[PDB]
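Coming up is one lone chain in structure tokens, specifically the form deposited in one PDB entry.
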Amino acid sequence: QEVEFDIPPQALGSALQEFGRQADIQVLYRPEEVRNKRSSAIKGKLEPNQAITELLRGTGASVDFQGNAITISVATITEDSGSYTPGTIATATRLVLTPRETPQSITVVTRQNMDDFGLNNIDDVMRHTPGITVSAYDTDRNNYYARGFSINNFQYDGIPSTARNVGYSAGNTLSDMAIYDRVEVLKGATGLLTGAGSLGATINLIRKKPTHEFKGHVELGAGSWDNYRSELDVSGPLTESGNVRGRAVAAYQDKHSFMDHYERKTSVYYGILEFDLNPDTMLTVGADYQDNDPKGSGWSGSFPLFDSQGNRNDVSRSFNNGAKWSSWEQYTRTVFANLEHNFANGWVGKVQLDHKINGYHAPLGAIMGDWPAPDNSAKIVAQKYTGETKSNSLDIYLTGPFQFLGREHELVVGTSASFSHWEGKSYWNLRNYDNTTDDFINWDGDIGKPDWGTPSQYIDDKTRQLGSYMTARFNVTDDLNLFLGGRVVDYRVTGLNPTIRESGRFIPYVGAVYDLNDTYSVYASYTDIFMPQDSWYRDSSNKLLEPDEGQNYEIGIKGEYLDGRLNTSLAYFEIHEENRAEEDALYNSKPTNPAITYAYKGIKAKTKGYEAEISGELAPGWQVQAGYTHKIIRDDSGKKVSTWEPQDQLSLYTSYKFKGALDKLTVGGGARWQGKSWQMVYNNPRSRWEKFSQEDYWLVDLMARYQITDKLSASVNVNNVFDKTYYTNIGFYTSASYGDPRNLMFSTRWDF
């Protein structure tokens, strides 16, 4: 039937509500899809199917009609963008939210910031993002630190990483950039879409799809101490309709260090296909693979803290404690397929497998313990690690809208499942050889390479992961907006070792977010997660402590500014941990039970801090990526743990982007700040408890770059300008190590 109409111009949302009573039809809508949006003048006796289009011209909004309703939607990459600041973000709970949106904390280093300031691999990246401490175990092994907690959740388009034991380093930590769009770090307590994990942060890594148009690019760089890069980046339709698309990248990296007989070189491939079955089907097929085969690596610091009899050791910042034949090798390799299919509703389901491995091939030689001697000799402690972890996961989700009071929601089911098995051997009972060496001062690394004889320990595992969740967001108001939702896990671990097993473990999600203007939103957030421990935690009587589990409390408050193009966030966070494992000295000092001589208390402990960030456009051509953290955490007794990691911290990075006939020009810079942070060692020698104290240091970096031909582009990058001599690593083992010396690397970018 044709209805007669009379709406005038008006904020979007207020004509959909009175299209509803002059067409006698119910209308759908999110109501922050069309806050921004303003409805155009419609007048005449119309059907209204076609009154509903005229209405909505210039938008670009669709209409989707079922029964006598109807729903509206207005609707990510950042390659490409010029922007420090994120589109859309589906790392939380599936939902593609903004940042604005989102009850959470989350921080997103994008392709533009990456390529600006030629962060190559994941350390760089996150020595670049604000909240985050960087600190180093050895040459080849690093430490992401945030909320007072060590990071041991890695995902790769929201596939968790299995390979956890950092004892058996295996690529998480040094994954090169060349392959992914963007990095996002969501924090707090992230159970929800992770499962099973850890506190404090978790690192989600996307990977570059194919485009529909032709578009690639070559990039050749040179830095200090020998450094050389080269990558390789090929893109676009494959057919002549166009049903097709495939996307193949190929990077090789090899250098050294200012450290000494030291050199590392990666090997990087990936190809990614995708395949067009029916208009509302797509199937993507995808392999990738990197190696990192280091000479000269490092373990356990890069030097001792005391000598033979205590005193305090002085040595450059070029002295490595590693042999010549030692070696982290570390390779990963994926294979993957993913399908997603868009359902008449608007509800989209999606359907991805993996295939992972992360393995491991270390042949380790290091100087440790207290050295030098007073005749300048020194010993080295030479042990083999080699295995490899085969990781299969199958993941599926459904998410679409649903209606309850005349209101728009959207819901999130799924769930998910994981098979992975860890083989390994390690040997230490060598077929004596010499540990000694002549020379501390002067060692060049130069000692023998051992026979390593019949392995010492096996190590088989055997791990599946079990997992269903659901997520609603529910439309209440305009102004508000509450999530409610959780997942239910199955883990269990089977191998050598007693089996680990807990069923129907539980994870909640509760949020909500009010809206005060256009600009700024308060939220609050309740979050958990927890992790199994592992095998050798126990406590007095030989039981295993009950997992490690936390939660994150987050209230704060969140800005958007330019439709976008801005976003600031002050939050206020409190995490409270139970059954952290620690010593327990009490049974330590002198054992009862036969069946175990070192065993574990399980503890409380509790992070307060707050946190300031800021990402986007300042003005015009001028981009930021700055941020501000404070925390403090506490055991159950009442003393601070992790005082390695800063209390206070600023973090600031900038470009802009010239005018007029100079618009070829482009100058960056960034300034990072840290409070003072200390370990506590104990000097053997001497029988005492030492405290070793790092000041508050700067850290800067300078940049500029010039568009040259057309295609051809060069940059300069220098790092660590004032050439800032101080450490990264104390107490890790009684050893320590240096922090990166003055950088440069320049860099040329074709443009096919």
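For clarity, a rigid core is taken as the largest C-alpha set superposing within 1.5 Å between two forms. Positions refer to the first chain, counted from 1. Compared with the form deposited in another entry:
- Just one of the listed positions, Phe692, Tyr697, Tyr727, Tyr29, moves its Cα by at least 2 Å between the two forms when the rigid core is held fixed, and it is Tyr29.
- After superposition on the rigid core, the Cα atom of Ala15 is displaced by 2 Å or more between the two forms.
- For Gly167, the Cα coordinates differ by 2 angstroms or more between the two forms after the core has been superposed.
- In a rigid-core overlay of the protein, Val716 has its C-alpha displaced by under 2 Å between the two forms.
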The other form holds:
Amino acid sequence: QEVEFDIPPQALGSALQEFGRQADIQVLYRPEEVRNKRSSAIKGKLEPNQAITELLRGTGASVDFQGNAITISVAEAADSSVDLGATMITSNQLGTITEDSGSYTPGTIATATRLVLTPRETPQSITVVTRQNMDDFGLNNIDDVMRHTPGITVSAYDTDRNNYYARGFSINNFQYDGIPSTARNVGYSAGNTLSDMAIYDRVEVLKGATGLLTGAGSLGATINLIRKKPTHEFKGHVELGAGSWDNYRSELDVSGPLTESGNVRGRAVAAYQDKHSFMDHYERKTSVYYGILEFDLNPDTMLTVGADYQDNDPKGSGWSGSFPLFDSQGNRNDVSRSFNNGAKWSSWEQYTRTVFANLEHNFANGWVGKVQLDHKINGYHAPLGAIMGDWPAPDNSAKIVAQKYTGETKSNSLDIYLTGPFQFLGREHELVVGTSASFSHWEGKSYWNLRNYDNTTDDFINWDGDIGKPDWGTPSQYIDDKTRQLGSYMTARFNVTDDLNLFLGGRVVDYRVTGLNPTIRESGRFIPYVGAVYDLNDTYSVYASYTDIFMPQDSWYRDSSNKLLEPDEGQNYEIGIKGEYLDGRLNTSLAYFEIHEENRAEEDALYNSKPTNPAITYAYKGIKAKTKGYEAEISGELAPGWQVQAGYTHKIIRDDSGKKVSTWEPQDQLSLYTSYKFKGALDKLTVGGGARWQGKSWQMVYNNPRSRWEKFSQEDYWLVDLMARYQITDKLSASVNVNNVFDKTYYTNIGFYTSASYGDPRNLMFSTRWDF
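Would you generate the structure of this protein in the form deposited in another entry, following the form deposited in one PDB entry above?
Here we give the lone chain, stripped of any partners or molecules.
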């Protein structure tokens, strides 16, 4: 609806940028088409379709309305063939906002090269979970989004950390509004597995090898979380939710201009959740606050500052899985799904807070530049106590391990980039040149020297977490890790012919880790980027890419001779076809991909079987591995009210000897979610469901009381979801979510420290949302 506008007659470029701004809309236009053109003047309360048409009066330009984006074009009488991937300047650097798009498919995205492109133009597997997806299925946190993400397998470490795989690999790359965090290990990484969705517009996942913007990082995927932004019109909501096992969620989200002119603007959100669980004596309080302010210094420079906060506060935390696989004499334990090996008082609370500033400037060039400053904190307070070992013993006793770790990581980021169009051989291309620096400092205390503790409980079968807390004694250890990343990067997208676009670039990287371990240094590392996209129809394009990444190894991954291994490196090879239907409203993709890892840390059994250097008691050995596989996906509008997101992925990852690895990631998986909105007398009703299936998965785990290895399998299984919403009122709606409808009982962890974990049993959630 109607928006306050005031854009005077200027260069068509500026006008278009000032429009997207004033209108909360992404505006895409071709540099060589708006050169030397004038916007006509607009002033007052206007409907955005009426406002853009006025603005373009005189320009000979056409508008394509596409949801939260408009593309502008300048039809010629000549027009002699069609450039679908023509170089196009964008007004929102991060992409198309997904909020209010009614869609499960995204618009534009800069996840791959910091160039704003569409899924179809991106020569890499890119899946997005959109704001409407999160809304409809109740995905209230990053674990929820991941479970619903095509390609992704979420498995458990314990009640407060999950693991995400793509393509053979745990994901350990996270970004916020396009800024990587340090996630070397779980000290730096507190809370990453727990981000509440209340403050995000979408989560965008780039799959393969993502060196080019992540820098040093894991193989497999990057998870990029995009924050909600302030708006030009006043709008907010309150949401209230109630579910299986005294799960109560509430949520406030307010957005608007804070001055008559609306040249300062703001958005605020808060959300609180207190929940018990199907797991006995586990409970979790979670708190999030987010505030962001936008100042327009003038028509082409905007200062933004903002801050976020999240506290994740549990009781009944476990260290590793929900119960021990084998008992004292080495039979397998049968236990209720409610069983929780955590102690009542045990807690792995994880907290995160960010303060950030950015500055963005439109050069007349058609170029835009942007500096991003960040102060981030990932903190933790972890007195963990939990039943551990081959228990029960024949008399039903068992033994608790208890250890305390507290600590904090402070991170500072500088990121600066320049992006813009340019002409080479009578045709238009774009460039990004950026440089980055991060310093992060992990500090901590460990307590493992317990003073006068009795770690035995006399009743395994009826365990309850009702065991005393120990005297933790004095600290055992103080941590001091310093990581310093420096990056410089460049990607050109050449529009070679009307059907061929060529990506050429890379990143140079300097990585230093300092402190209590010996110094880890990589200098002048080059991370190539080669990509092409070739158009075949108005509908389909093929693409190929070659992408890369490395991660200097952790300090403990040393060899025979006590030298650290060379960095864990991989290259992703990918060939593919993507399809685009209904003016971008529906996307499809089919891809073939191959990952070549070199220097993967491997144990080194012959040495470890009787070490010879007391300096490395547990040596590694750097080896090779290959992931081969393919993936299919679709997302968007099937028919007017009808939305899907579905994927199919196949993988086998082997190491050079031939043996299967990440065998707990299934070799085959499939996701489909969908909702439908009736038209007619039922137009206030939205219906929906979904299903996730995966094949066989296994672990090899060591039965230590019987001195043999065992194979633990999880037979293929489906999970089904259902969902419905009714818009009772222009302002008020009611929803219900049923998850795991057939109550399928399954495992999300087998073998992590010789333990296992169930997945959620059937669970409901009721909600009301109220929009002011």
